[PDB]
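Only one chain is included here, represented as structure tokens and corresponding to the form deposited in one PDB entry.
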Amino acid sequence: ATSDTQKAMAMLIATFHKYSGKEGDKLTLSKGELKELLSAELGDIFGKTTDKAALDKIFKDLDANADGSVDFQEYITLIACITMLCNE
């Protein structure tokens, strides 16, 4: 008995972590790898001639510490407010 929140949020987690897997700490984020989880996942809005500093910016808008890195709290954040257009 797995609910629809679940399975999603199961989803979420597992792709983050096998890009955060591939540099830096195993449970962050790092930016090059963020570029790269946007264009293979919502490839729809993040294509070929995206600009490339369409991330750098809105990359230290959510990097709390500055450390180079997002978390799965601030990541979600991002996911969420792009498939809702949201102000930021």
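Residue numbers count along the first chain shown, from 1. Take the two forms, superpose them, and find the largest set of C-alpha atoms that agree within 1.5 Å; that set is the rigid core. Compared with the form deposited in another entry:
Taking the rigid core as fixed, one finds a CA shift for residue 65 of 2 Å or more between the two forms. Shown in the overlay between the two forms, fitted on the rigid core, is a CA shift at residue 55 of 2 Å or greater. With the core held fixed, the Cα of residue 42 is displaced between the two forms by less than 2 Å.
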The other form holds:
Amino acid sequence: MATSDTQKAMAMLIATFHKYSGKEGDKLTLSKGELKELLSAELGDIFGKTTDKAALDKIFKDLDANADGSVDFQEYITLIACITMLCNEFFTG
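Since the one above is the form deposited in one PDB entry, can you give the form deposited in another entry too?
Nothing else is written out below except the one chain.
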């Protein structure tokens, strides 16, 4: 029932988040380990395009602090967008 490009894209991002968050527990958050697996499965084949290796490495490092904490949808979206801005030709040129 998504009726615009933005709604279709958001539905895809929710569905991917839920594929990892929906196995058990609270569906509204990912564990740090669930998030690491998602990012590698969904974005791993563009990491090599990064314009800032240190910044991308820092992302996978910060997901080892608060190891027992959670990642909500806003934090997830922000990280996907950060990786996209480091790796996608629209922003890298």
